[PDB]
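Undergrad: So you can see what is in the structure, the chains are spelled out below.
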Amino acid sequence: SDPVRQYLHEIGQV
Amino acid sequence: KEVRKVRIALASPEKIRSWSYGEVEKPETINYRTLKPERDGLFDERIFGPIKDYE
Amino acid sequence: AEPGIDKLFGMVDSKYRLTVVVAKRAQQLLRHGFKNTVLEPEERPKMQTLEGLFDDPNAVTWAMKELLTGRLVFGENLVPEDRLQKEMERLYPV
Amino acid sequence: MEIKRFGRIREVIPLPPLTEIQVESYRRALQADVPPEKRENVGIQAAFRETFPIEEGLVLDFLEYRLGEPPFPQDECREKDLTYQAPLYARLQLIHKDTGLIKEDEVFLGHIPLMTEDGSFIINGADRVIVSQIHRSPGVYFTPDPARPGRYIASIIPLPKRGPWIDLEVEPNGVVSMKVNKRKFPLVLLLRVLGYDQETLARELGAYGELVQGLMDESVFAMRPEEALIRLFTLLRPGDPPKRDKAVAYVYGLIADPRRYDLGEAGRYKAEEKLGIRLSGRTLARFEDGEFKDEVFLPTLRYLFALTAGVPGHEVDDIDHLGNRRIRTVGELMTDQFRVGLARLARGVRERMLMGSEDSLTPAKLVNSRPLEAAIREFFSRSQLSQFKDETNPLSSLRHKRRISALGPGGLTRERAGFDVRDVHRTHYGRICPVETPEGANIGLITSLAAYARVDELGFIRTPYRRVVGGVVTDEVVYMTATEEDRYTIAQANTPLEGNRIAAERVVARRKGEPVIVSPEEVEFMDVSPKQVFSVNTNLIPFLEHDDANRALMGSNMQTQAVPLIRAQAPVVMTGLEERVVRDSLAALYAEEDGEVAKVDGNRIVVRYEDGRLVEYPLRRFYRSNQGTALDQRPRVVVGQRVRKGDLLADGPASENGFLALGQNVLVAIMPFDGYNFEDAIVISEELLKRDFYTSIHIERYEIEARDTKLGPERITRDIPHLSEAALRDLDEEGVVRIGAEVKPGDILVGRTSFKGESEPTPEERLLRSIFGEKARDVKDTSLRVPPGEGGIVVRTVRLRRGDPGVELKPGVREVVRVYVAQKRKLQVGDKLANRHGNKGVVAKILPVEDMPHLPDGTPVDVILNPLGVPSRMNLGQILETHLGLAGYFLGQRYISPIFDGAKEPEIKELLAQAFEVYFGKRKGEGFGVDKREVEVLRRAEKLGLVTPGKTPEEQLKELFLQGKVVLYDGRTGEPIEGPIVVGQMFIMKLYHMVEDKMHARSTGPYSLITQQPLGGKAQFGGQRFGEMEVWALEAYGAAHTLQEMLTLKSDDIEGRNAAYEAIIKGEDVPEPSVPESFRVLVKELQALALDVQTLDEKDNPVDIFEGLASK
Amino acid sequence: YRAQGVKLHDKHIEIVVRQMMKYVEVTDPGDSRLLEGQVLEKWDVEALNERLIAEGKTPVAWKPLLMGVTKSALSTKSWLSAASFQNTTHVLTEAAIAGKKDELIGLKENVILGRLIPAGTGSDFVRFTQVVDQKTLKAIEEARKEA
Amino acid sequence: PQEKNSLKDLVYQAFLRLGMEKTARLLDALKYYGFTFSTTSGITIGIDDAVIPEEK
Amino acid sequence: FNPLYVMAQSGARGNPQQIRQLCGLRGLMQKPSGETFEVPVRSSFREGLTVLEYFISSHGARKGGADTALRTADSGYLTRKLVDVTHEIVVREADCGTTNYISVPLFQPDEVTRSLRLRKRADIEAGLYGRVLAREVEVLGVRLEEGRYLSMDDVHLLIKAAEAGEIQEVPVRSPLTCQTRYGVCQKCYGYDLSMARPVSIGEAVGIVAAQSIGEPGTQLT
Amino acid sequence: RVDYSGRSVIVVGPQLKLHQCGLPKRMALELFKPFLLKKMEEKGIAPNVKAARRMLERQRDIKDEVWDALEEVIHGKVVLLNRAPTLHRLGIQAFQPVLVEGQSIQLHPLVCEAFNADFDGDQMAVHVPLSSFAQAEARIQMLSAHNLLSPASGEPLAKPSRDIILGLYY
Amino acid sequence: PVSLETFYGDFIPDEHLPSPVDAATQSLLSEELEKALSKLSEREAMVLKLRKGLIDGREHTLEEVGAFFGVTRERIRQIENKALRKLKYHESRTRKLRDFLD
RNA sequence: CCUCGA
DNA sequence: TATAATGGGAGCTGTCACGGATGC
DNA sequence: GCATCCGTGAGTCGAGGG
Ligand SMILES: [Mg+2]
Ligand SMILES: [Zn+2]
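From first to last, the protein sequence lines stand for chains A, B, C, D, E, F, G, H and I.
Counting from 1, position 14 in the first sequence corresponds to residue 91 in the authors' numbering; the numbering is continuous, with no gaps.
Counting from 1, position 27 in the second sequence corresponds to residue 29 in the authors' numbering; the numbering is continuous, with no gaps.
Counting from 1, position 9 in the third sequence corresponds to residue 10 in the authors' numbering; the numbering is continuous, with no gaps.
Taken in order, the fourth sequence gives residues 1 to 56, 63 to 1118; the numbers are from the authors' numbering.
Counting from 1, position 9 in the fifth sequence corresponds to residue 1364 in the authors' numbering; the numbering is continuous, with no gaps.
Counting from 1, position 50 in the sixth sequence corresponds to residue 954 in the authors' numbering; the numbering is continuous, with no gaps.
Counting from 1, position 182 in the seventh sequence corresponds to residue 1198 in the authors' numbering; the numbering is continuous, with no gaps.
Counting from 1, position 92 in the eighth sequence corresponds to residue 713 in the authors' numbering; the numbering is continuous, with no gaps.
Taken in order, the ninth sequence gives residues 314 to 319, 328 to 423; the numbers are from the authors' numbering.
No lab work stands behind these hints, which were simulated from the structure alone.
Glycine is no exception: its CB is placed at the ideal position from the N, C-alpha and C atoms.
A hint or two may mislead.
As the list claims (entries may be wrong) - Estimated spans, in silico, between C-beta atoms of each pair:
id : chain 1 : residue 1 : chain 2 : residue 2 : range
1  : D       : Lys716    : I       : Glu384    : 37 to 43 Å
2  : E       : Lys1426   : G       : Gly1092   : 17 to 23 Å
3  : H       : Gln680    : D       : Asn130    : 33 to 39 Å
4  : D       : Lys938    : G       : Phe1017   : 20 to 26 Å
5  : A       : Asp79     : D       : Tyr95     : 40 to 46 Å
6  : B       : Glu47     : D       : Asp365    : 52 to 58 Å
To be verified - Just a few of them, taken from the derived set where beta-carbon distance is under 7 Å, the chain G residues facing chain F:
id : residue
7  : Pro1019
8  : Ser1026
9  : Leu1038
10 : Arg1062
Just need the whole structure built from these sequences, with the hints factored in.
TA: See below:
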């Protein structure tokens, strides 16, 4: 959907 | 020869590369002083063609 | 209305064939300088100059009038194309 | 000439200032006359108080702003293509919370455009108007659910872009749902976040049968406000981590944050009046002592449940009611864009507060004004409501300023505009004119403020009524909104009055828009005037009550298209509004106080007032308007003339002695004429041109630039290659055409030379050069020439140069030259004329005088209108205008016939008899009896039943004259028209649509870049579009070659079109067409889409339409 | 049309309706390669079925299909026509996947190509007609007569 | 009296019987005389030509 | 010889309802909701209306303007769709040889269903004029032969015959039953209505059909 | 978009014959400009084509004999007139042009109905068919006087109007 | 730069491709130069065409044209001079090539 | 885009 | 080239009819 | 089988103003 939200989630994994 | 039919079909990466006269490797259009096209950019005469007739 | 348009429509099986006949004949007349006309000197369409009556420059007016006389022959596959071209160039040079 | 006015209605109040909707709105938004500390929290002051303080130095706060004086006057602004604006400064203080250090400074935020006296603007040298916008007012509404009868939807609506719309519905499963940003969730959750408990909601909402049961969910009451808040934050934000402070922030910004959510002041008022509550702020809830506190939601749900159950005193809402639609005027729209630019400035302020030295920061180091500047610049240059001002005539501008649009930013997108928005709602009465709207796509979406109407501080439109108590009509006039008006019984303005008492036992009145017959005891108010129902333009139509509305629309609209004429006249029949329109449009110049006129000049009037002070009024003379019509003023006083306050000094454009002069009074015959007025065409007499009727001045502006190039400079010069003295005759030493010269199409206005480029001489050029032994010059002729179909007399030249005082141009341009060309336009064949009753047509024939129908005394008629235009148009007002015009033509007088209270048939007949005496007894004393032709026409008229048999010829001619008809002789035969003909004076205007501007032709010309098809438009020497439907026409005729020609040889087959032009100039037949270039463009664009498009032959083997040039 | 006083001949409506009925749907493939539910043209299925009946095979069971004017125009054989109508993306993707050949039968296709349309003076029925005077006609007749 | 329908039928019948050349000549003649006579006919519109019947 | 009466009766201008509004009453008007106001405008444009009457009328005036405005778009769109379905339909041959035809009925069932009554003249003309008979018809001692293009007189005769009970339906060649591929043949189409004679092969007949249906589109109320 | 085309306001042309239309002189010059150049060469008006074009470039360089040449150019030819919207095929029709002074196209009374044309400000576009085939099509198939009956109904389409009807009725 | 689709590009003509008038003008120029070259001898017309570069696109030096005709560079220069001279005479006489010089 | 005209 | 700095920010929405996937 | 969300369409030609 929203790419920056997706990237921020993937970053919040580590 | 006279045109009779018109066909439309998917294009293979090989077909596409066969259309191509060169790869556009830089996101450059024209030079800020000379106003001429940049090498390997979107307007390069090396790929697309001469800007002036027979020159 | 174009003079005698009803008879012209009588001559063909489809009005568009009339149009094709007339246009090809107008092209013949223009290409050969009207030297190939089937029109007698008195049947020549005339236009009123400031000096006096001169010939009509309009090849379509001509071609229609020619068609009304019966002296023209129209139809499909009456002669090979290049043969008609060369024979007209022979009888009427450009 | 004497002016007789009709009508018995005495109007208590004059029309309000007609541009006040603009001027007062903008004054309120700016408050520039108010000392800062006394300013209210409205306007740009409100924008400042919304943005500031800015926090997280640590704090930046706002003290006050101020507006300076404009850098340049309005005339100079029009000259130099500037904006008429004032510098804006704001006093800000930076405060470090820890250091306590306080640094305060007056920072410069850029310029704000200023409104002129008449309510317009000057943006980049062009006058513009900010059009008011109509929209749904903020508030709480209740509508019937269209899906489920008996169920209703509650809607909470804030101001545009001040928060989301919220819906409350009662689901088929019984639970009450809230929808926000297209997200349905149970309302009980948010109710719990508000801090409500099941006990409070059960005692509040329990009285409604079975409804509160859908509100009871135990899993919701089992969690404290914190957990329910996190629950809602997860329901509204999938994927975002549910941190407590983040949920508080989001929900606060959604409902309680006044910097983000804002009902109007009107939104708050309407919510309060509807739900029976009182609001502390303008949000739906508050953040108080760490917890959310409810304002709006619970009353809304109470009202919704009550409307569903059917409990009395609860009703659905009509969203088209003018009590639920409001107007956003210029001040509000500009303040909104100011607020947006300020928000950007504050985001940049915080971004700067995080970076940079924390110790050393000023207000100036923190604030970048550029985004605010940008917001103002875009609102005034490119907004939809910011329109190129229509100043064709003064009424054009006044009407433009009183417009109301339903489109625009936050407005209805078209095709979302059905019948309801476009309807005239009963509440339009007295507020929005029911006739003045565009025909076509915009119908109903652009409307006009009624003449007496006013927009209040909440943005609702109010109309005046007279207080009536016990059959007595006071002079107290109360301005009501539609909501207030629906409370009363309002009698019609024409109700018979003896003194101030009602004289009819049956009175026509309105109750909630419904017409009702009522006793004087029941009358609560009364209309002020019929004028109050119509716009300013409709109010200019005499005998409006006799014109069907669909043509009154056209006459109304077309008055704004009338061209100012050099001999313009006021109408011989007027409505009485003709002078207020001149006064309020600031057309004419007036006397400021009593005094004596000292000097009178073509250019200036000097007046000495009662103070002894000497005031000098300069006159605008031959100025060009937005539409190219001459705007100028002429002195109407004389030296030594004594003048009182408010007396006419100079007449503006289209003004005769202070009266609105949109056209000319012409002598008209209503009869067919040899087909030359077939289907609304018009016939006119050459006599109209001889005496300069319908002649207008028009000024055109031409502009050219000389810039620095990479091949050398352009220059304005008189030295132009290959041009004779014949070509350069009217050019002065510098190369600009001389003032006063006559310029024709092809003539040079400004000589300019440009250095040639990419120059490779082709061998023909080299050989021709050697043959004629002439060097090819370095430069070439790029001069500005008169375009085809234009020309006139040069009346002005402006020249701006780089390196000259006060002059700085866009980078690279050395100089700019503007030439002004005036032309005098006589009426001609194809020009559009029209009257105030929607009768419009184009002049199709101009007859010499001796062919015009003429009266027996030798007077010929001015124009001949076809009677076939009248029946189905049903605009009989023009006929009454014509009869009264005949009467006034012979009595030498003019009239004022107010709409719905004006000249009736019997009084027109009296005037016509008085006129007949002048028209006939003069003859009978001059020694002439009745004429043979008149006798024959009288016989014909007797057969028509138009006169009574047995009366004398004079009695019968008078019977005809009383019907408006007269004997008329055909000027070609001298024989009479077999009938008596309607003849009289009619007011007729020349509209802006003149065949001079519209006639265009093209053989060949410029082609478009990508498509290689001709350009469009008269200015680009363009070609006509042969669209899909013209193609269908040609296909239907079966004209294959005509169509193929349209598609190839005439548009974008390059080889074809070149070969065709060469063939025709050689006298050869045209060559066969080939592939149109835009088909090749299509093929290459499909290849760009990774689709291979192959032209094949009958053996299915490819064919190359690119002739190998695209294959390796 | 009658209620508004418009006189309009039935045959125009009949032509449009005939285009609305252009297609059919397969109920049983029979011996064909077609599938149950496959939509195609009545003309094409009648051709296939006469080919299978003259071959002795089983004919395709098919049912008539009414589709409205938009859907009928988008289902036409010519992809140039359909793509220029609307749904340009959908039409072009399915045409490209199927490798469709446009035979330029109708008017829109040839307009798009700039070709001379197949109607009126561009009809194959009349466009090859020749005109000759009796002089040139007999002068060619003699040249045919000497050989 | 000659009106819209009868003149339409005249034009149609003339087309059928005499061809479009003659029908065009006929149409021009009808045009000429119609315009000529409508000029001198006395047709006009005054407010008194909209006759309120007493039956109203 | 009154001007309004003359213009109306001749067809040069005006219709009864407009003349009525000019002379008699103006009439009942609609509220914005489409509901009708109980009391009408009793005035004529000769007499002049009251401001209230004028206002009451403005509702319908505006609704009609908006109807026209929103209508022309739908008409144009419809025309384009009709063009796109029909554009390939051309008269391609002189006869496809089909033995199939349609039967235009001359009688329609009464709404009472009391009988089957005659159709209106114009309707029969619009279904029959210019068509080609697909079968011999013998009526009123006249033979209308198979292959005959029905003149207007042939149609009026067939109407007369139906009035005498001789024929209730006419068999006729029609584009519905033509078997010409990519279009239509000459006999199944019949007259080129613009020329009152059989259609020329090559006539772009589908475009003509689309334009014929679409052109009155903005008149339909 | 297309070459050899123009547009102007339409005006009623009662004196016109059914196959004619009034065409402004200057419109006609620009529309037929290549033919005019050719003819000006065919006569003494210009030594060559380029001189003739430079002669028509400026309005005060234009002299009388070029108008007579224009008359000799347009003889027998037709132009197409078009009114928008083009609802059916008679929104385009062919006419012999009669050169008029003034800037307004003159349209024949009997064709207005087919064009849905009146004279409250309507404007039409002119197109010049170029080839002998284009002119044959336009003069035969699209000429106004050859298209008298509706292709939709069969009834007369060019028929007496209200003004015409009024005199005949009277 | 700014966007062509602001459309804003539909007001932008094409200065590159020669117009129909320019194409026809160069056509008549080539035809009239050949008309005038025909009034010379074939050798002097060929010398002019080689010196102007018309035959192969570029202009030859006097030594190349002279070695092409087998003659001294002074001789080929004199032939070019007299050919140009006869051209100037014919042109002053018939005034046919004047208009094309702009 | 807007407004305007048909 | 070295103090430490560690998950964004804009968000008004008054149409309607069609095919088609998505769910209950 | 039947509600629901997504996507795609919704007159032409002009003119001007940008
Ligand atoms: Mg009109
Ligand atoms: Zn058939």
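Undergrad: Now tell me, hint by hint, if it's right for this structure.
TA: Quick rundown of the hints versus the structure:
1. D:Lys716 with I:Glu384: 37 to 43 Å: holds, 38 Å
2. E:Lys1426 with G:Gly1092: 17 to 23 Å: holds, 19 Å
3. H:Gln680 with D:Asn130: 33 to 39 Å: holds, 34 Å
4. D:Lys938 with G:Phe1017: 20 to 26 Å: holds, 23 Å
5. A:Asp79 with D:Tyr95: 40 to 46 Å: Given range 40 to 46 Å: holds, Cβ gap about 41 Å.
6. B:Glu47 with D:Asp365: 52 to 58 Å: holds, 56 Å
7. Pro1019: This interface hint holds because 5 Å falls under the 7 Å limit.
8. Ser1026: For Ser1026 (chain G), the interface hint holds, since the closest Cβ of chain F sits about 4 Å away, which is under 7 Å.
9. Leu1038: Holds, about 5 Å.
10. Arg1062: holds, 4 Å
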